[PDB]
Amino acid sequence: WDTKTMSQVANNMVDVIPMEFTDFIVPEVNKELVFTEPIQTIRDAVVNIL
Amino acid sequence: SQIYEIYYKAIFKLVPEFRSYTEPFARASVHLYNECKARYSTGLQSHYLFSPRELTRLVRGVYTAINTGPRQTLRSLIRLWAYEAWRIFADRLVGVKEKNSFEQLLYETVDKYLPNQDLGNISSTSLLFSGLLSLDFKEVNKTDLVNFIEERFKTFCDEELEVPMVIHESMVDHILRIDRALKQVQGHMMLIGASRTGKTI
Amino acid sequence: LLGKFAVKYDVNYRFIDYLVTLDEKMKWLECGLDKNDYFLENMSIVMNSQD
Amino acid sequence: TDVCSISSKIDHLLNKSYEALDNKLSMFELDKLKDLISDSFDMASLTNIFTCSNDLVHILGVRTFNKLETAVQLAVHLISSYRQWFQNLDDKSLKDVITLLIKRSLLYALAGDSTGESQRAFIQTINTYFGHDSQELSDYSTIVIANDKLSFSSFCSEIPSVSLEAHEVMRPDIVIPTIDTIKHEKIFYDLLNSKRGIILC
Ligand SMILES: N#Cc1c(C2(c3ccc(Cl)cc3)CC2)nn2c(O)c(Oc3cccc(Br)c3)cnc12
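Protein chains in written order, with the entry's author numbering: chain F, 2920 to 2969; chain U, 2568 to 2768; chain S, 3352 to 3402; chain H, 2217 to 2417.
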């Protein structure tokens, strides 16, 4: 499995679960730019970490 | 080139207006083969063997594609031919660099021999010729395949057992390859790869 | 990697203390598990897996 | 060491095949044929040729001593196949045909395991160590019984043109009539008809 396939599968599994709003998740985006998935929300942050 | 010029003329009796192009197709076919045989040698992987039988599977596949297809245009003929070339030559390749170089080789070959105006991306995932949704074998749209496989696979899991699997674009590609295998008269398939990656299901 | 992203955490997290209540924690030792933390984590993993 | 000479083994093989063929053939034809082969076949130039075999790149590497069977059996079978025609000929034309057959049999006995170019290069040697009056051997040359009995034609490329229907692309028994294939099928069936075993490597 490639990175894109893993990302798609992970996003699909993650999407169903509820996600409480967390104020700090936005200013981090600006910084790193590793370019490992389109910048978004917690859902992508979690996917990249995994 | 002579043998296959005869084969192309025979099969283009079904599409007689395009008979003139039988020469460049045959020449393209052997040229691709030679460079394939040259650049992907057995020194990379021991299963990289290429006989002239690769071209004979090719023409029979192209035949079948034409026989069970709709009205073609030259753009369609080239797309179809690209699909066949993909499923013959490149499925055995490992390494994304090898598939990318195969794309480059394909573009060069067609540019050399069939210089037409409306070819688009020739990526393996951009030319989903299907025979499932439609009665006749033709290049169908990715969205509709997705929705069809989702609903049918849901139905399959409801009717059979409880396995949770999420559809993804590689899965639908491999589905189409297996369909292509199983619909041949004597198609035997071999699925190399890792564990936990859906083969047996 | 968490601090590389926006995922903050308990800086003082401990897996055993996070996952295992004291009753189960004792219950295992009454059943005779060795009092070595590596074993405690292993026992947590094996009893907590479902399916 | 080997127990016998190459020459004596040739003589033995000749007599051995004569044991089979002589009873069927009538004596008047028989004697003229059998000395007509023995004397011509026993010349020194053929030995010269054997010494010129050992540097050629044979596949599988069977030593020249163990190749005489193929030469003798194929020669004697071939010559004996034309007996019904030979009876009317003048000596000159008969000698010519006999020479040409022996040269062709020597060629394939000694160089059929060689990769093509070696064979065409070896043809020059065969045409050189036999006498120039004797019929020249060419790779394309084939003998066809033209019009009445005894007007043999040494021609090449008599290729029939195949009118394939489209669906016959997937007849697995099909093949395209090509000069290479024509001569291989020819020599194959001749070797078969001599009742010798074959290995197609
Ligand atoms: N559930 C499931 C299942 C999975 C996982 C899965 C993968 C994709 C998706 Cl979308 C959902 C789940 C759970 C990780 N992989 N997986 C297979 O690889 C199967 O075929 C085999 C079996 C044994 C050896 C080999 Br080699 C192939 C059969 N089932 C599965």
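If you're looking for bench data, these hints aren't it; they were derived computationally from the structure.
Each residue gets a CB set at the ideal place from its N, CA and C atoms; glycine is no exception.
Among the hints, a few may not be true.
Chain H regions said to be covered by chain U (calculated; three or more residues, Cβ under 8 angstroms) [claimed, not checked]:
1) 2234-2242
2) 2368-2381
Using C-beta positions, here's what the derived DEER-type ranges look like [as the list claims (entries may be wrong)]:
3) H:2395 to U:2745: 39 to 45 angstroms
4) U:2754 to H:2237: 23 to 29 angstroms
5) U:2580 to H:2362: 34 to 40 angstroms
Against the structure, the hints:
Coverage of the segment 2234-2242 of chain H by chain U is violated. Counting CB-CB distances below 8 angstroms, 0 residues qualify, and the rule asks for three or more. With 3 residues carrying a beta carbon less than 8 angstroms from a beta carbon of chain U, the segment 2368-2381 of chain H meets the three-residue requirement, and the given coverage holds. The supplied range of 39 to 45 angstroms is met by residue 2395 (chain H) and residue 2745 (chain U), whose beta-carbon atoms lie about 42 angstroms from each other. Range check, residue 2754 (chain U) to residue 2237 (chain H): about 52 angstroms between beta-carbon atoms, so the 23 to 29 angstroms window is missed.
Evaluation of the 34 to 40 angstroms hint for residue 2580 (chain U) and residue 2362 (chain H) yields a pass: the beta carbon distance comes to about 35 angstroms.
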